[PDB]
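To begin, one chain is listed below as structure tokens, in the form deposited without this ligand.
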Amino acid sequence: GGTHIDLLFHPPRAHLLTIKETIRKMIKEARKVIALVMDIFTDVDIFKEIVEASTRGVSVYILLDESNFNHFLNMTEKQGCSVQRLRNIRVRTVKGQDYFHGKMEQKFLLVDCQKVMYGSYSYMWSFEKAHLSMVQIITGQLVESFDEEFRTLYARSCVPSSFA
């Protein structure tokens, strides 16, 4: 079996769901594992869906760019919903080489080693309302390469400073 790819856009073009709806649906349908790599994560609806997946028992591994991590922390604080308390969620940070902060410029969502959303959509209010973006929904062989990249990234990630 090979690889299948569909494209989604924001604003939508020739597909019924928005990218955000698609992200929420993928997370709702997760059975076992969610692996998320994200540059900036402030979107509350998407966060809620991930918390809720973790309460059904899904293992959630999140890797965030270190330089923007505080924005996710502020968002969890405001929602009164500390990620440290949630037993099925792990959050670690990734950084690039400094000079000026080097960043992890990577994002993707990998659900049940089965389906990947890969593209330019960051999990922020502004990608729902303001920005033009595109993603791929990937299934098949190429998903195993995203799995391997996730593990590679995870190996180079750090416990965030705040956590103890």
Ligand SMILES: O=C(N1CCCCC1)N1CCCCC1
The other form holds:
Number of protein chains: 2
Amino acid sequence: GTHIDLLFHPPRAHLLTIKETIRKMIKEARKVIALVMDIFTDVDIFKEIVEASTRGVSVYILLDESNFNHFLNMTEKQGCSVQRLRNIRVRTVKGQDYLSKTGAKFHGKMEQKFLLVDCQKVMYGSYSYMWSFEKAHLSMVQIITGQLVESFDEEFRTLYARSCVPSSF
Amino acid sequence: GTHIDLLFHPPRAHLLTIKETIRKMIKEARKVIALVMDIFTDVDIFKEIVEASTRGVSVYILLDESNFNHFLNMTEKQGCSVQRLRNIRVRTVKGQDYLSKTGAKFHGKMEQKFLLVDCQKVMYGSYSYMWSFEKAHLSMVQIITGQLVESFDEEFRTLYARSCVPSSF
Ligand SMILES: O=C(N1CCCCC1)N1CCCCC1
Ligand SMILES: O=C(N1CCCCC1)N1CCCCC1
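Okay, that one was the form deposited without this ligand. Can I see the form deposited with this ligand bound too?
To see the whole picture, the full complex is given below, headed by that same chain.
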């Protein structure tokens, strides 16, 4: 009871691009959007998310901690104060703590990305929401429906519990 | 007609780590191993692949072109001339060609990571074969059996057709 389609960028034998399919999923959302992403600088996908939030959709966004200031800078350059949108909550996730060769204390990255809409559909894969994924790289995603969506829901809730208010806020 | 399980690193309720499951999948290979990977520097996984090849398994490895020298540096440190193992073929894959504002022509990366064994089982996800994914980062994979495996086989063949002999070789 799980169904899976594959999409690629650049595209193959499918009608829509990965980015057009991301916009579609966000426009179709009626209740909740849950996003986990490492780098988020795409202005067009951000605008879709904000519009969803003005419609009354609750939006929860989990970003990798090291790269967060790239997202904040984009929203500021768009003249948005993302802090003030009540229907969106943005929080950061760190990787593991570790000691380097020299004994310094660092943390790694959250290498996870997926979009979960209305607890019924997931896009999961290697596509990051930034210009380099449009113009420079090859990538792929899965569009997932059915029972496996519950597992993504559970994982989102576990990451949300770990996540923190961004230090920049 | 597809079954999918999830594994995480650091590990959650499941018995084995991602790295232990990779070693397992390789040891269980009877005919063919097909691997697509962005960076490969983990010696223990490389030892497993070489041992599979000595028992007559055919091994096809596709590596992101921009990161290839990290692999080559590892195999040489280990005292292995990988280009002399006839049951292993290593080839590189480039991202898209694009032109920067300075005019110089560059290419991006292949952002794709999966292990396909005997045309029957796939490990797909965000885990790269390097020390940072053991000690520093949070990552996840899918373990896939059934009809979806066929789509991974098609994609492998498509990337293999695109791929090139590495310039060092
Ligand atoms: O409403 C949700 N969930 C439904 C959407 C997918 C999984 C998360 N959460 C978000 C995290 C704070 C607790 C409520
Ligand atoms: O025999 C294979 N395999 C590829 C797909 C998974 C296993 C079977 N190939 C490798 C790619 C070039 C031609 C032969």
